[PDB]
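Participant: The primary structure of each chain is shown beneath.
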Amino acid sequence: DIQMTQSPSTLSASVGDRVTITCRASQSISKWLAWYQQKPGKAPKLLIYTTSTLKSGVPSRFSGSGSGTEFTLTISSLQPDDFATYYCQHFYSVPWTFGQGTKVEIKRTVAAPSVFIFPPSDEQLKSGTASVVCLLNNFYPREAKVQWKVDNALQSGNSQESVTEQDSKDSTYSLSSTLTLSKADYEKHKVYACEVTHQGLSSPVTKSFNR
Amino acid sequence: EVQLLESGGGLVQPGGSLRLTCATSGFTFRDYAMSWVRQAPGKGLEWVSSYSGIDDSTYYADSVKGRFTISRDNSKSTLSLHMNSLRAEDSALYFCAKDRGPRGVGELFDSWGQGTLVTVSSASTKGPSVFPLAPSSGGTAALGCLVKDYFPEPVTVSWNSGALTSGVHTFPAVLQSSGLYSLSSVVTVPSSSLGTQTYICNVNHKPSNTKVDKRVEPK
Amino acid sequence: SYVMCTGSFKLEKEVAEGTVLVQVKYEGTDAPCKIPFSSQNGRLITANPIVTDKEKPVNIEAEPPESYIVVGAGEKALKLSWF
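Chains as they are written, first to last, in our numbering: chain A, 1 to 211; chain B, 212 to 430; chain C, 431 to 513.
Heads up, some of the hints might be wrong.
Claimed, not checked - Heads up, incomplete: computed chain A residues facing chain C, CB under 10 Å, no partners named:
no. : residue
1   : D1
2   : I2
3   : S28
4   : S30
5   : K31
6   : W32
7   : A34
8   : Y49
9   : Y92
10  : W96
Keep in mind the hints are simulated off the structure, nothing from the lab.
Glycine residues also receive a C-beta, built at the ideal position from the N, C-alpha and C atoms.
Produce the entire structure from the sequences given, and follow the hints as far as they go.
Facilitator: Dropping the structure here:
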């Protein structure tokens, strides 16, 4: 089948800049290419079809060009409600196939995370497990690194983190790492900390507590 | 005016069957080609099937061929997808799509529905365990709820019913090493506001018909 | 039991005679497929118009009644006009 490939995979650009996405097809699809936009949590929205024809309602800052094997989607002046993942789909013939996607990011001033720690709840301890939670709030870029220390001992294979997609009012991120031990070995140590490094943080920052 | 509503998704064991239906309202169902497109978690879009708008022509993705069948009811104006011999890789959000123009073959996906989730797994349905992330030490405030050890995926969470939504970050669920999901929803309020108002996270998990309203007091 | 073509048709020649001839090569990967031929009386002399190869053209003869001859379907149906 025809296999589409997009470039770049991820893209960072501030509001007001002119940004470009590329789609390459394994073979010539003539001008039969469409561009969809998908916001986090919502369904895709057809932006362009037949390479350059705009769907009704789409602002004129979007514009599709290219032909044959290489195609480009262009945003003239990046806007607030323009952060999303953009797919391209050929409709040359079945099977219809998409590109892997290009998630565009809204650049902003570098922000450091506010970090908060949560000890296990008594209810959970009654069940035999202990979950310490470490929250990083409001930080850009999203490349922020956490590490769990227990009595100054680094943990491994012991935690799971999850980052939220870019915020819609401050364009910041927020992650939440969850360290989980058993009641037994949780009660065997005293101090629990999550050390955090980020570009905005001049030096690593540590939040901690003693049980 | 064009609105599409998919229903029928849920948890089903491997090799099992399922049947999705797409209810439509804002357009002449007769004249349009209708499509099914799926999106697995954290991945891209994958076209599943298309039903032509000029005859009874059906089109299927290779991975799906021989196992699914797309059917059309121009009386109730509904589009059904019959899934059989379901596989692990068929787990995804199933979208119902409408062609841009009439009398076509489903080239474009002009109007989408909100989707219906399909989880294929021998794992058992397990309601979550909600624990409070109680605050004490810090800047502004932090205040959360940990929704642990549940399956399948669809879990929603509000705060103080629908009242509290400013400063709320609900996180994507991670898959734990046990084959179960863990989620965490937080809200940040001012330090001065901690004393006056109560904070109750509303966690909802339909697959197990579980609803928990959990207070979160300070430590 | 074939199925309609989802690709486009590129025109190569249209002539006359009291009927019309149309030579079209197919752009697609789903061949062999039935050709969605429509007129918008209008009759298709060619019985069961089918593509069986992208490289190979196809001859289509039609007897129109001024209207368009639409070969293909969807966003890229080849629309022509005759009298």
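Participant: Check the structure against each numbered hint from earlier and tell me which ones fail, lowest number first.
Facilitator: Of the numbered hints given earlier, the structure breaks none, since each of them holds.
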